[PDB]
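Below, in C-alpha cells: the form deposited without the partner chain, a single chain.
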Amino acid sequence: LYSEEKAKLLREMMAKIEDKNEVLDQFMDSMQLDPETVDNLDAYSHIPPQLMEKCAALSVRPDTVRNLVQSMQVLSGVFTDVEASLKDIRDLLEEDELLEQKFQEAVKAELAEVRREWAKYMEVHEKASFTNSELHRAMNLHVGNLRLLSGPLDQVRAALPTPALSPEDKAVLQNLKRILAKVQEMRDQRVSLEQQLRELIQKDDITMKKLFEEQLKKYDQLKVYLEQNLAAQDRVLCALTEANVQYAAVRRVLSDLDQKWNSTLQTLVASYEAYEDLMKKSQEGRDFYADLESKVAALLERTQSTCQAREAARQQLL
C-alpha cells in the first residue's frame, strides 16, 4: 500500500537516470572516448617483454648472425666459381670446334657427351639461380633485424617510434583526461546514489493517511543529490566536446604512431622467427652448389683432357 508510493518515486528517478545515461552513452560512444584513454604514451617507451625475451635468447647463442652471413659467403663464392667453370668449358669447346673445322678443311662421342652435360649443368644453374636470389632477398629482409636484436637494448628501444608532442598538444590531452575523469566521477556517483535510493527504499518498513507525505520526506535529500548529478551532465558534455574538437588532430597523430609501432614490432618478431628457415635454406644452397661445383669441375677436367686428346690426335699433319 505504501511500497507502491516508493516504487513510484523510484520509477520516476529511474526514468530520469535512464534517459540521461542513454544520451551520455550516445555521446561517449560517438566520440570513441573512454576513461581507459588510448593515449598510451607510456607504452611507446617500454620494450615489449616478448622482444626482450628474444634478445636475451640471442645473447646465449652469439654466433647466429655470424654463422648465417658466413654461410652465405661460402655459398656466393661457390656460385660464381660454378659460373666461371661453365664459361671455361664453353670456351674450350668453341676452340675445339674451330680447330676441328680448320683441320677438316685441309685433310667425338666423348665430345658430344661433354657438350650435353655442359648444357645440362647450364640449365641446372639457371633454375637454381631463382632459389638463390630469393634467399638473398630474405637475407636483406631479416639480417638487419637479427643484428638489431643481437645488440644492446637501448638500440632496440631506439628503433621504436616515440611521440614528439608540442606542449600545446600535451595540455590538450591533459585537459581531455581531466574532463573524462569528471565524467567517470559523475557516473560512479550516479550508480552510487541509485543504490543508496534502492537500499533506503527496501528497508523503509513503516507501522488519517497523511503519514505518507511525512515518511516519504526521507528521500528528499537523495533526490536533491540525484537531480544535481543528472543536471551537471549537459555542461560537462559541452566541455568534453570542445576538448575533443581540440583533440582530433592529436588523435590522428597518435593513431598513426600506434600503427607504425605495431608494424615495427611485427617485422622484428617476423625476422626472429625466420632465422631458422634462413639457416636451413642457406645450408641447402651450400650443399646443392658444392655438389654442382664438384660435377662442373670434373666436367672441366674431362673437357680439357678430351680437347687435348683431339688436338693431339691431329698428327696426320706429320
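Between two forms, the rigid core is the largest collection of C-alphas that superpose within 1.5 Å. Positions refer to the first chain, counted from 1. Compared with the form solved in complex with the partner chain:
After superposition on the rigid core, the Cα of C55 moves by 2 Å or more between these two forms. Once the cores line up, the CA of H136 ends up 2 angstroms or more apart between these two forms. With a cut-off of 2 Å and the rigid core superposed, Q228 has a Cα displacement that falls short of the cut-off between these two forms.
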The other form holds:
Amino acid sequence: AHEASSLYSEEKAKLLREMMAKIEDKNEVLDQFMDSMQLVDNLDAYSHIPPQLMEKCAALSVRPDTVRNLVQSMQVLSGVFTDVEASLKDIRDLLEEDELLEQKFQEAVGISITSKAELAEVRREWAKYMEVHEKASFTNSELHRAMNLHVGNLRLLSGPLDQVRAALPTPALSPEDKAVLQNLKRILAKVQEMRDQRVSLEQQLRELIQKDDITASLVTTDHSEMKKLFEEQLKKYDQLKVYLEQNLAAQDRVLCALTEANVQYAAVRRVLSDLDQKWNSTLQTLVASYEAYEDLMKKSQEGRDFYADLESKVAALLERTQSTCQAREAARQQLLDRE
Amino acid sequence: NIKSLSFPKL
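Right, the form deposited without the partner chain is done; let's see the coordinates for the form solved in complex with the partner chain.
First the chain shown before, then all remaining chains and molecules of the complex.
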C-alpha cells in the first residue's frame, strides 16, 4: 500500500523531469539564437530634442541676445587689441626716431643725464609691455578662432526650437524597410509570447502535480483505488504536455522565420546604425558648442579686463614717451644753435 | 582646449 503510492510519486517525478529536460534544451537553442542575433521601435526618439539640450536652449534665452552680445563683446576685445598694438608701435617709432637724432647729434659735435635715464626707463617699460602683449597674442587669437568655430551652433541653439530639431538627422526608410522592421517586430512578439506560454504551461503542470500531492496524500487515503486514481491524474498531465509539446515544436518554424528576417534586416540595421552614429555626432557638437559658450563668456571677460588694464598702461607710457622725446629735441635745438 | 587659455598678470 505504502509502496504503490511511492511508485506513483517516482512516475510523477520522472515525467516531470523529462518535461524539464525538453524545455531546457529548447530554451538553450532559443537563447543562443537570440544572443547571437542581438535584437527597437524607438525611431520617433530621433525626432525629439533631448531634455538636456532643451535646458541649454532655454538658458540661452533667459538673457535676450546673449550670443549676439558675446559676439559683439569679442569684437570690442578684438578692437582694443589692435589699439594696444598700435600704441605700442607709436612708442617704438618715437624711441627709434629719438635714438636716430641722438646719434646724428653726437656726431655733429663732441647731454642730460636726467632725460637719458628717463628715456632708458621708457625703453625698459616698453619692452615689458611688448612681452606681455605678444604673450597674450596667441591667447587672443585662439579665443577668436574658438568663437568663430562655435558661433553657428550657438546661433542655432538660440533660435527657435524647431530649427534645432531640424538640424538632427531623421530616419528616411522606404516602405520596404518599414515592412522589414514590422515583420521583424512581429516575429519577436511571437517569440516572447512563446516564451510566456512556455513558462505558464510549465507552472500549470507543476501546480497540477503539487495539488495532487496535497490532495491524494496530505488529507485523503486510498486502498486498491490507486490504479484508477493515478490514471485520472495522468490524463490531466498528458493534456498539458500536449500543449507544451506543441509549444516546443513551434519553436523550430519560428527560428527559421526569425533568422530569415534577420538576413533582410542586415541592410536596415547598418542604415539605422549609421543614423544613430550621425545623430549622436551632431548632438555632441551642439553640446560642445554650449560648453564653449560658457568658457567664452569667462575668457572674454578676462581678456577685456586684461587689455583694458594694459591699454591704460600703454596709453600712459605713450604720454611719457612723447614728452621725454620732445624735451630731448628742444635741448638739441638750443645747444646746436649756440654753436 | 579653450578652457586652459590664460591671460597674463599685471
